[PDB]
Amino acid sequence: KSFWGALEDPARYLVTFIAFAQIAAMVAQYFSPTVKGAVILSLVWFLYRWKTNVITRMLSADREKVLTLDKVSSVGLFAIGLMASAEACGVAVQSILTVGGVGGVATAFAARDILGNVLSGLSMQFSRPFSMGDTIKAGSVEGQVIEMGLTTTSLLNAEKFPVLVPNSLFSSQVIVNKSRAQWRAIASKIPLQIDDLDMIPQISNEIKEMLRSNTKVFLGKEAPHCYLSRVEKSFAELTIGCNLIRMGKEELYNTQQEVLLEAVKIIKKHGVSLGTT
């Protein structure tokens, strides 16, 4: 019915058997082998009793999970009981133990991925690299964290599909956390159709002035830049960039578009025109 009976029955059988053997030998002397064999077999029987009670208790309340647990536990208990009984009796100890050891190492390397996922889930439970809702990028996958488990994490990627990442990928690869950034950084390239480069400095400086006179820029770390990155026949390329304050994602788009339009306005104000890549 419970653990109490599942113990009491084998315990009373074992005490009965050892008390029988004691007065079977007192009034040919292999008390130790038989007593150890009885202890091993009774303990195996008690473990079987407890296992059946528990997964019968679990099915008296997620059901094929209970059947899989029952089958796997019966396999494991049969293996352990066979090894321990062959060692208690003394018949073919090293042979059966070697078989069991090579089976154990087969199973232990075959299960390196499940164990990796579990151990990496725990390691992530210690050094939290992200939290629920953060937009992360792990190797090839990227999206919003929607579930954190012990063997897998669940993301929502750019097409808004739920992705399932095994937790052993967060220990061997770098993790980008797009939700903990305190300032953003934009950079673009504008092509110019220009032959009189004598006004590439002026334009450049003016643009930088515009980027410092713009709200939503961050002048704390790096200054806005706009330099000539390559030249060619009636062609030039300006590389613009700046840092922006911590903003949303529609405001980032609006600021990018606004900076680009103001830059092209400054460029066309000096009589220059855009080039063709």
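Numbering follows the first chain given and starts at 1. Take the two forms, superpose them, and find the largest set of C-alpha atoms that agree within 1.5 Å; that set is the rigid core. First, how it differs from the form deposited in another entry.
- Superposed on the core, the two forms differ at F20: its CA moves 2 Å or more between the two forms.
- Relative to the superposed core, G220 shifts its CA atom by less than 2 Å between the two forms.
- Shown in the overlay between the two forms, fitted on the rigid core, is a CA shift at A11 of 2 Å or greater.
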The other form holds:
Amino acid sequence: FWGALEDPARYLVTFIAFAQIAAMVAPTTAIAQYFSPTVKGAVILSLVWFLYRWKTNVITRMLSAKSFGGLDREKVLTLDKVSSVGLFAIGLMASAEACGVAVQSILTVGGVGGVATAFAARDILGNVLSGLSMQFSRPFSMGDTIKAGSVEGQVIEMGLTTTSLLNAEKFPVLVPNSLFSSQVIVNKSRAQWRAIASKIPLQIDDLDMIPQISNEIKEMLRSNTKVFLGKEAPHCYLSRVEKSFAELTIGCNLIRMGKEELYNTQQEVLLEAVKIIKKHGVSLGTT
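Mind giving me the form deposited in another entry, seeing as the form deposited in one PDB entry was just shown?
All you get below is the one chain by itself.
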């Protein structure tokens, strides 16, 4: 409040301005060595206790009068405590710098004791900066079923420090944002043309009808509705040939499945594929 707090803050620096310092030129060691360390030494000592009144009138204005603020009560009552040590740290650290008493000895205990809280606020401040860069980069939105670190889930909320995303067990995970600027984000809702990589083991003991099984499965997959063909072709090749079988890794490429249309297709592709395998008189394998 710039209309009601400057009275003991600024009127008591107009006081020490006029009463003792400016009007009075008393020659008993008060000009050469006290005119500068008691104006700047007293502007600061009554600008720190300006900011203490501008700060602790967020006690009167925000929590006492308004209904606990735009924060909560326990959030703002420890904010009028962690901003009262960062105001005493700048208060003693600037009031000792202007009074000339121990200038570069309190600045080195408060520039090193204040870089201790910069070595240590690399996690919470890294989350603030990475969550500040998620607003520019935009990897996801409020519905995208992303995954950072096997943290598959749809994004509930996007905060500054932590985005909360609702897990595969429908548990609201609260991912810190520094896991988004240092890790892979597999965004799974801005995804068109999804894919199948299934595998069917099959007991042949023939090893020569199997290019016709591998041809007719491809002829199933490219003559399938809701299958995308502009990207990679539907592949069905064999691998892992053993004493009795050869497992065919069926691959296909769907188009914009909605997760209940998806599993009907991942079911019916594999079932129709097994129908084509049983058409050639060969049963399925033991793995």
